[PDB]
Amino acid sequence: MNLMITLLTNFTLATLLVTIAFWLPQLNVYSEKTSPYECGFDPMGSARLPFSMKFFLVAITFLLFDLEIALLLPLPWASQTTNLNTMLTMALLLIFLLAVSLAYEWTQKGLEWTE
Amino acid sequence: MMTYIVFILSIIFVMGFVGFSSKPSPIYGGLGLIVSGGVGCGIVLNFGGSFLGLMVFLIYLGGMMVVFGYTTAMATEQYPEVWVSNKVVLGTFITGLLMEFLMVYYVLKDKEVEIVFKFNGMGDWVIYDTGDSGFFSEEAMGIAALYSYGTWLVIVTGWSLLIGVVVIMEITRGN
Amino acid sequence: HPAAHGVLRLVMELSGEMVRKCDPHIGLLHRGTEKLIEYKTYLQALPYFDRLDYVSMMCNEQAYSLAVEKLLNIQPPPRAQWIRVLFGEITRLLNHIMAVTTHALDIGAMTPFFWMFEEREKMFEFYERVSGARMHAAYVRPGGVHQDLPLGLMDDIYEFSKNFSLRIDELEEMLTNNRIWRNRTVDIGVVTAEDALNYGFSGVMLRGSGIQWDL
Amino acid sequence: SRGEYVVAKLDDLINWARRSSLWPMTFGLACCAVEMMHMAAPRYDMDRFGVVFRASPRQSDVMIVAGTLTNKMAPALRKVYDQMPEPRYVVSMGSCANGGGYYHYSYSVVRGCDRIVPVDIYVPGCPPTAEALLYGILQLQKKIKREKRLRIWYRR
Amino acid sequence: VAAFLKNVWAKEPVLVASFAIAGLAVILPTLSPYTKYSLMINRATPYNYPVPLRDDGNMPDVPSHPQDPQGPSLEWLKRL
Amino acid sequence: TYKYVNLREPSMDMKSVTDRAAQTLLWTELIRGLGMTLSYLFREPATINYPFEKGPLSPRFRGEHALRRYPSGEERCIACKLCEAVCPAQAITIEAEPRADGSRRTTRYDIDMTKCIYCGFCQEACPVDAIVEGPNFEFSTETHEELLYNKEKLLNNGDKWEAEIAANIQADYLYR
Amino acid sequence: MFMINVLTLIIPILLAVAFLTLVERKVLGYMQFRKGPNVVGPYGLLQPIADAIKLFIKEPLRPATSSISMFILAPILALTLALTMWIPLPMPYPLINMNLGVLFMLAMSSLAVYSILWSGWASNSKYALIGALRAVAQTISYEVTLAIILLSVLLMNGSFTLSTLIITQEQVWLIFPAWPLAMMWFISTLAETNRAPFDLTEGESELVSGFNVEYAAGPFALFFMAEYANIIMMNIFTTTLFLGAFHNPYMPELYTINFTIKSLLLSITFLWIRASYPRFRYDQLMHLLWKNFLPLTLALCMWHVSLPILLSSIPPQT
Amino acid sequence: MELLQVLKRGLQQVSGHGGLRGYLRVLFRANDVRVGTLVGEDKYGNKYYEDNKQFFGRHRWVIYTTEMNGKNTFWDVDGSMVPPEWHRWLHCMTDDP
Amino acid sequence: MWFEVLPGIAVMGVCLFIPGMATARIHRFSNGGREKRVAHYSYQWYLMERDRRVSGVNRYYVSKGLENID
Ligand SMILES: CCCCCCCCCCCCCCCCCC(=O)OC[C@H](COP(=O)([O-])OCC[N+](C)(C)C)OC(=O)CCCCCCCCCCCCCCCCC
Ligand SMILES: CCCCCCCCCCCCCCCCCC(=O)OC[C@H](COP(=O)(O)OCCN)OC(=O)CCCCCCCCCCCCCCCCC
Ligand SMILES: CCCCCCCCCCCCCCCCCC(=O)OC[C@H](COP(=O)(O)OCCN)OC(=O)CCCCCCCCCCCCCCCCC
Ligand SMILES: CCCCCCCCCCCCCCCCCC(=O)OC[C@H](COP(=O)(O)OCCN)OC(=O)CCCCCCCCCCCCCCCCC
Ligand SMILES: CCCCCCCCCCCCCCCCCC(=O)OC[C@H](COP(=O)(O)OCCN)OC(=O)CCCCCCCCCCCCCCCCC
Ligand code: SF4
Ligand code: SF4
Ligand code: SF4
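Protein chains in written order, with the deposited numbering: chain A, 1 to 115; chain J, 1 to 175; chain 4, 55 to 269; chain 6, 24 to 179; chain m, 4 to 83; chain 9, 1 to 176; chain H, 1 to 318; chain i, 1 to 97; chain z, 1 to 70.
If you're looking for bench data, these hints aren't it; they were derived computationally from the structure.
Using N, Cα and C, we set each Cβ at its ideal position, and we do this for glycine too.
One thing to keep in mind: the hints can contain errors.
As the list claims (entries may be wrong) - Not the full set, but computed from the structure, chain A residues with beta-carbon under 7 Å of chain H:
1. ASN2
2. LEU7
3. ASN10
4. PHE11
5. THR19
6. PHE22
7. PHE51
Claimed, not checked - Restricting the straight-line Cα-Cα distance to at most 27 Å, the calculated cross-link-like pairs of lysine-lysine (BS3-like) are:
8. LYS32 (chain 6) with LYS71 (chain i)
9. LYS32 (chain 6) with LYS166 (chain 6)
10. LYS43 (chain i) with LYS160 (chain 9)
11. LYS216 (chain 4) with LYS176 (chain 4)
12. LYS291 (chain H) with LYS54 (chain A)
13. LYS9 (chain m) with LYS15 (chain 9)
14. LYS165 (chain 6) with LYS89 (chain 4)
15. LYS102 (chain 6) with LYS166 (chain 6)
16. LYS36 (chain z) with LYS64 (chain z)
17. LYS71 (chain i) with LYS168 (chain 6)
18. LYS71 (chain i) with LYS53 (chain i)
19. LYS171 (chain 6) with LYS32 (chain 6)
20. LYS166 (chain 6) with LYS71 (chain i)
21. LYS126 (chain H) with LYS75 (chain 4)
22. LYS32 (chain 6) with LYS168 (chain 6)
23. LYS176 (chain 4) with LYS53 (chain i)
24. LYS291 (chain H) with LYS14 (chain m)
25. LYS176 (chain 4) with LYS124 (chain 4)
26. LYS75 (chain 4) with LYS95 (chain 6)
27. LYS43 (chain i) with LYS8 (chain i)
28. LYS165 (chain 6) with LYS47 (chain i)
29. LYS54 (chain A) with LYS109 (chain A)
30. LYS47 (chain i) with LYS160 (chain 9)
31. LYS9 (chain m) with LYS39 (chain m)
32. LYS153 (chain 9) with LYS43 (chain i)
33. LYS75 (chain 4) with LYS54 (chain A)
34. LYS81 (chain 9) with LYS15 (chain 9)
35. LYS15 (chain 9) with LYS291 (chain H)
36. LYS71 (chain i) with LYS160 (chain 9)
37. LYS165 (chain 6) with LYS160 (chain 9)
38. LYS165 (chain 6) with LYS153 (chain 9)
39. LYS160 (chain 9) with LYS166 (chain 6)
40. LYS32 (chain 6) with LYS165 (chain 6)
In isolation and in its complexed conformation, chain A is listed as follows:
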């Protein structure tokens, strides 16, 4: 009950600070002020062109790694189980496999940027 009230309060306080910033002052709009800013000269091409990325491999590695460490997040609660040797072995195995994957990425020049 309280969380949506706090969310709505913060959303209302944020969204009221732009309609105050819009409708209050004196505005003067012409077709030279609102041009895209490229340090005084008009740009070449558009900003919607393909922006060729370099760290795509590390992006995919992060895609795997985010959830592959999200598997490791219930490890506090897993310390409360009666069977402790098996839990310790499995957690150490999981982080060891993480380290092996990271070392395989490192050795095969996978962390370096293309071009």
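Knowing the structure of chain A, use the given hints to seat chains J, 4, 6, m, 9, H, i and z with the ligands on it.
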């Protein structure tokens, strides 16, 4: 009408699914999937699974951010379509919303619907349990039992993730 | 742009972020100096050299005065020569403070800028005491210097040169040993000796490449 | 009338807020920019008066034309001034930005920045010193203080 | 192997520190005698109700009252 | 006559390698930079309180131009046109004619302050110490044409700043 | 009544953000051998008021080539997420006592990146696109190491609840047994908020202003207060994590004063770091966390998961 | 110790400006409350103070008047309001007032 | 000097002192002079509901002691 809070959140869920499944442009598809993930984590948090909702919210936010970086990099157009720049996209979005609200109106009238299964019309608050759970939440102990019990699951998942890393290395090589 | 030195138009073809081609378009500060120099006398064209390198004023003054004195077959008195050399070294301190502090500012270290601009202000005070203007002195002229030093200037220069060593020590403690400063400068812009000689490089560009050459 | 007093006090408040929070743009061309940085030096300390440089024209208040405005540069300066949001002020400093200075009769020099952009304060010198530029900034603040926007709006 | 260790400690000390911490964390729990203390501490925590048993007539190991001397006590946990 | 900057070879022994590894893992020189900033936090700032605290200057300072007078009321200039012939930016315009008592005096004396570069060629080429470069520098205007000084403005500036110009000339006349 | 509580939570943090602008300018000036603003009022106390009134009476300048809906939604989302993520912090009693507050703050810190990303993409400019992609690179550099650091440091607490973190540090501080994790966490919080030396998005050297180069006054102030509220919340979060103060249930003002001065010292340390270091390259930051921080984080995670089992010191979950 | 000596110097700086009212006046007008020897006063009301213990550039200052040539200059002080005979001394061009 | 950064910082201190203690004061006002009870697990919520039902005023902080029984 506060007793139908999960039903309203599910309505926003299907609304976001209609919004990004019409495929206008992957930026706004990512925005729609972020909204859908938020209301879905709200739904499962209302059912009591706060950890699972927070985890799926974090995972899908990270995935959608990497996706947005990819579409800015690679899958882009001179004039992206927001929702109304294309006739087919706007049309299918309109019929998706219309079908969703038609189903809402039909299930809110006689409290029963037949789409291939059979569904009621009362709020889901009826199907809750009336007893307490002690000094633990069941979902937390259930996911914490992954290491004490699920050794085979942990082994095959770790091997699958390591093999996936090797596969990502091998595919994007070029020679 | 805060990065460009005032006026400079790099048209840069980038492969996302890595540069593939750089095209420096210049001429935004072309004033057409060396035609108006032809349209004026030698003394009238002497203040033109104060504004070419607007952080190395008396160095350009000394260059123009040496050229005119070579054409005139005359030489300045020894005291004028010693004054010119001392103020040229003061000017070199000015230019090197400007270069290092601005370079660290574009790299990201904005604090040595404020640390060394106080010493820059003190040298500008020396300029103003010796000529009357803070930057464009018009002090060094063909035949020597225009005016003699006001009394008590040597002691002020001595005190400033006494404390400037500690100022340089503070700057070198800040920037030289820093790892983040090294990561932006260890393997950036490597120029070989032959490519530096064939490209008309002079000064530090040669001396950073191991070529022993000073004029 | 009470409404006249109310609009006068509101005009005083907005003029105080606009004059005590001047945000110039990092925009220099020549020698006079070196003197502007010496005004930004610890001795004169423009940030005492709320004057802080901002790189983008969209988040800037004033523009200080410091240097020689040549023929190849004037459209860029005009576009940069156009992109600044209202209210906008221009301070012309140095002889080059006032009337051409040394290069008045040159073929590729605009004879003053008044020909391109409207100018509020003219600061003379070659270079005008950091003390003189700070004096010009304070004079611009005084000019902003005696503005009469809401009073004229009530009269109109 | 001393030369290799010195070279890798001079070049990349972070990997050496990580591998040493990993090696200690792997080989240390099998050497310490306090793991069984964790085992019975985790087993001695009463999450659920101790549901009683029906007295058939021959149960000498379980008590009739919690304050009876028979039963699993935790004076070791109080001592530790 | 030359020194080998940045050619020192690092050491190899175990104590120095351990020191370098400790500096790597514990960030010693970053703490050194933090300590230098903390030292600069506790110094006296060099900021003067303008406009109540003006910066130091010199008697040779070049600022606003002025026209002097003899100590009897007569203006010093005799229209010799040396200043407009030596002005590099051609900021000085002089027109002269014989006045009522037959004295060679100016009729138009215009200095364009937006053309002037403030280098003191006119004040040093003047044979009768008529034109001077006064010490004033706080004379910024709000309009372009106000920086176009005629003879009346220069004479008023001379009458306004004579009490300082005479002292500055008395201080600095022996170096010329 | 809860309205009173939420407004007394959200108004003093806006005042704190404005006076943080003042303190930042004045302290950064004093570390650079000069003075800060002191002419607006008595010792410059009225400078943030002048800045705030000035920025809200200027033109908004919505561009023509920019998608207006996302252009408006992004700063609103930034300020909103900066507001409704201060809640689970215990001061010493949190406004919202979440059972999983740590994961909540992690998720809403992951969500605040999208405001920067959509600000860069919405305003049709190349510099904004460069800033947005640099934000993406910073996020993939820091996020996984940040999460593993939090998981390894929460193995001694017992659970993800932020309220029980005071009880964990009732005897000794948590910086004594986890100081390498504390240093790595401090660097992660520096790189999370795009603060120096890992600014890389509002880069005034490589770019003009970055993602907010097309945002004029009014919407531009929203990003500023979002960033400054973010750095205060990171300072308070680090203080709660590693510098747990003595809490008396009869006198909460003791804990309030203690963590207030500790968070003030942490913000002073942030500005101390800001004035003294050159800017990292955004490919060197990528190889910083993924090659130096990550292996040590994995080793310390294994050490901290094998340590309490080794010592019969597994913390309770209740 | 030296902290209470600093407090005594601050209280003496408070008392040396004619009390609390003069202290707040000079604080809100000049943003500097250090006392000094009254070197001089011109015919327009400006007061000129000197304190040679301060470092160079801060050893001479001026408190401007509140009335100059018919204008209320209580707040809008100007750097060109100094007469030339005091402009020689204020800009450190000579050692003699 | 440097100590002039101490006024504004002090204001920041007030700006970091106001909210949190206010919550405590709010927690001392609604809950009848005691702390606001926490419910992390369902047993605590069940005890809260039992107290709310047994108070008779529909307020869980109205504590009924041993004088209620015979
Ligand atoms: C919260 C509490 C306060 C925290 C500190 C806050 C104040 C101090 C802030 C300082 C300024 C920081 C500015 C940003 C710096 C960014 C750069 C950076 O951090 O780079 C990290 C650098 C990265 O190194 P690098 O960038 O130089 O990379 C080197 C790369 N090679 C080698 C290829 C050349 O260092 C680390 O990653 C170290 C992390 C912490 C290590 C802690 C080790 C603890 C001890 C372990 C055991 C050691 C003994 C051996 C085993 C024994 C077993 C029993
Ligand atoms: C069994 C122990 C536990 C093992 C599992 C848990 C591991 C936890 C830590 C995970 C680390 C993940 C990343 C590992 C990467 C290793 C491969 C690699 O990248 O090597 C490169 C490096 C040389 O650097 P370079 O080639 O220049 O790298 C390119 C950019 N720097 O190459 C090197 O620097 C050499 C690296 C290999 C040798 C390390 C020796 C460490 C010795 C420590 C003390 C003794 C420990 C005894 C335990 C067994 C160790 C094998
Ligand atoms: C178009 C663009 C978007 C425009 C709109 C933007 C709106 C704001 C977006 C930012 C905020 C997103 C929030 C997403 C859900 C977060 C859930 C959360 O914070 O949960 C915290 C807490 C979990 O703790 P728990 O363990 O359940 O404790 C119970 C025992 N006391 O939970 C609790 O303690 C339970 C409190 C009540 C929960 C009710 C059910 C969830 C309500 C969800 C509201 C809608 C969220 C929409 C998100 C959209 C994201 C794009
Ligand atoms: C019917 C009656 C009511 C009618 C409606 C009006 C209500 C009040 C409106 C606001 C106040 C109006 C008056 C504003 C000041 C007018 C006088 C003035 O300009 O004083 C100048 C003086 C500084 O003088 P200066 O020229 O700078 O001196 C040089 C220094 N050597 O300046 C100073 O000494 C400082 C001036 C401070 C002004 C007040 C503080 C700022 C405003 C605070 C309230 C509004 C904002 C609240 C917070 C918003 C979010 C941040
Ligand atoms: C959590 C804590 C947050 C704290 C935030 C605020 C911090 C600073 C507090 C105030 C400090 C002192 C400020 C003094 C401002 C200048 C006052 C002044 O001198 O104004 C003079 C001006 C012109 O008056 P004039 O007619 O020229 O006077 C004739 C003189 N012979 O006359 C005017 O300008 C008109 C009168 C203006 C009065 C303004 C008073 C200060 C207002 C500050 C706004 C916030 C107030 C507190 C809000 C929270 C508490 C309720
Ligand atoms: S006015 Fe003089 S100092 Fe300024 S830019 Fe022109 S030549 Fe340089
Ligand atoms: S100072 Fe130089 S430029 Fe100015 S009027 Fe005199 S001679 Fe001409
Ligand atoms: S040089 Fe002197 S005397 Fe000759 S015209 Fe010029 S001002 Fe007059």
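Evaluated hints:
1. The criterion of a C-beta within 7 Å of any C-beta in chain H is met by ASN2 (chain A), whose closest approach is roughly 6 Å, and the hint holds.
2. Of the supplied interface hints, the one on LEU7 (chain A) holds, with its beta-carbon coming within about 5 Å of a beta-carbon of chain H, less than 7 Å.
3. Because the smallest distance between the Cβ of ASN10 (chain A) and any Cβ of chain H comes to about 4 Å, under 7 Å, the interface hint for this residue holds.
4. For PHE11 (chain A), the suggested interface contact is upheld, since its CB lies about 5 Å from the closest CB of chain H, less than 7 Å.
5. For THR19 (chain A), the interface hint is violated, the least distance from its beta-carbon to any beta-carbon of chain H being 10 Å, above 7 Å.
6. A hinted interface residue such as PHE22 (chain A) counts as satisfied when its beta carbon comes closer than 7 Å to some beta carbon of chain H; here the least separation is about 6 Å, so the hint holds.
7. Interface restraint check: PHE51 (chain A) against chain H, minimum CB-CB distance 6 Å, threshold 7 Å, status holds.
8. For the proposed pair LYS32 (chain 6) and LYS71 (chain i), the alpha carbon gap of about 21 Å is at most 27 Å, so the pair holds.
9. Among the hinted pairs, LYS32 (chain 6) with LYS166 (chain 6) is consistent with the structure: their alpha-carbon atoms are about 17 Å apart, no more than 27 Å.
10. With a C-alpha separation of about 16 Å, the suggested pairing of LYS43 (chain i) with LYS160 (chain 9) holds against the 27 Å cut-off.
11. Between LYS216 (chain 4) and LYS176 (chain 4), the direct Cα distance comes to roughly 13 Å. Compliance with the 27 Å bound is thereby established for this hinted pair.
12. Between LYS291 (chain H) and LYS54 (chain A), the direct Cα distance comes to roughly 17 Å. Compliance with the 27 Å bound is thereby established for this hinted pair.
13. A distance of roughly 11 Å separates the Cα atoms of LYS9 (chain m) and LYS15 (chain 9); the hinted pair therefore holds under the 27 Å criterion.
14. Pair hint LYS165 (chain 6) plus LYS89 (chain 4) does not hold up; C-alpha atoms about 42 Å apart against a cutoff of 27 Å.
15. Between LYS102 (chain 6) and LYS166 (chain 6) the alpha-carbon distance is near 25 Å, which keeps this suggested pair within the 27 Å criterion.
16. Among the hinted pairs, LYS36 (chain z) with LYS64 (chain z) is consistent with the structure: their alpha-carbon atoms are about 17 Å apart, no more than 27 Å.
17. Between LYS71 (chain i) and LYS168 (chain 6) the CA atoms are separated by roughly 15 Å; this keeps the pair inside 27 Å, and the hint holds.
18. Between the alpha carbons of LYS71 (chain i) and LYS53 (chain i) the distance comes to roughly 35 Å, so the proposed pair goes past 27 Å and is violated.
19. With a C-alpha separation of about 11 Å, the suggested pair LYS171 (chain 6) and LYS32 (chain 6) falls inside the 27 Å cut-off, and the hint holds.
20. Between the alpha carbons of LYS166 (chain 6) and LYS71 (chain i) the distance comes to roughly 15 Å, so the proposed pair stays at or under 27 Å and holds.
21. Between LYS126 (chain H) and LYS75 (chain 4) the CA atoms are separated by roughly 17 Å; this keeps the pair inside 27 Å, and the hint holds.
22. Of the pairs offered as hints, the one joining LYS32 (chain 6) and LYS168 (chain 6) holds, with about 12 Å between alpha carbons and a cut-off of 27 Å not exceeded.
23. Among the hinted pairs, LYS176 (chain 4) with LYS53 (chain i) is consistent with the structure: their alpha-carbon atoms are about 20 Å apart, no more than 27 Å.
24. A threshold of 27 Å between alpha carbons decides the hint, and for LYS291 (chain H) with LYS14 (chain m) the separation of about 14 Å falls inside it, so the pair holds.
25. Simply put, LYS176 (chain 4) and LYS124 (chain 4) have alpha-carbon atoms about 33 Å apart, too far for the 27 Å limit, and the pair is violated.
26. The straight-line distance between the Cα atoms of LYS75 (chain 4) and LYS95 (chain 6) is roughly 23 Å, inside the 27 Å bound, and the hint therefore holds.
27. The hinted pair formed by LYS43 (chain i) and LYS8 (chain i) fails the criterion: a straight-line CA distance of about 35 Å is larger than 27 Å.
28. Straight-line distance between C-alpha atoms of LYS165 (chain 6) and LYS47 (chain i) comes to about 23 Å, which keeps the hinted pair within the 27 Å bound.
29. Of the supplied pair hints, the one linking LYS54 (chain A) and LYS109 (chain A) holds, its CA atoms being roughly 14 Å apart against a limit of 27 Å.
30. Our distance criterion of 27 Å between C-alpha atoms is met by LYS47 (chain i) and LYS160 (chain 9), whose separation comes to about 21 Å.
31. Among the hinted pairs, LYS9 (chain m) with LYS39 (chain m) is inconsistent with the structure: their alpha-carbon atoms are about 38 Å apart, more than 27 Å.
32. With a C-alpha separation of about 25 Å, the suggested pair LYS153 (chain 9) and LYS43 (chain i) falls inside the 27 Å cut-off, and the hint holds.
33. A C-alpha spacing of about 17 Å is found between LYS75 (chain 4) and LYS54 (chain A), which places the hinted pair at or below 27 Å, so the restraint holds.
34. Proximity of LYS81 (chain 9) to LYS15 (chain 9) is assessed by CA-CA distance (about 80 Å); at most 27 Å being required, the pair is judged violated.
35. Distance restraint check for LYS15 (chain 9) and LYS291 (chain H): the Cα-Cα separation of roughly 25 Å lies within the 27 Å cut-off, and the hinted pair is therefore satisfied.
36. Of the pairs offered as hints, the one joining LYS71 (chain i) and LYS160 (chain 9) holds, with about 20 Å between alpha carbons and a cut-off of 27 Å not exceeded.
37. Under the criterion of a C-alpha separation no larger than 27 Å, the hint pairing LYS165 (chain 6) with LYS160 (chain 9) is consistent with the structure, at around 24 Å.
38. For the given pair, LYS165 (chain 6) sits about 24 Å from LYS153 (chain 9) by alpha-carbon distance, which is consistent with the 27 Å threshold.
39. Note on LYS160 (chain 9) and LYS166 (chain 6): the hinted pairing holds, with a Cα-Cα distance of about 25 Å set against a maximum of 27 Å.
40. A hinted pair counts as satisfied when its Cα atoms are at most 27 Å apart, and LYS32 (chain 6) with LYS165 (chain 6) qualifies at roughly 17 Å.
Checked against the numbered hints above, the structure breaks hints 5, 14, 18, 25, 27, 31 and 34 and satisfies the rest.
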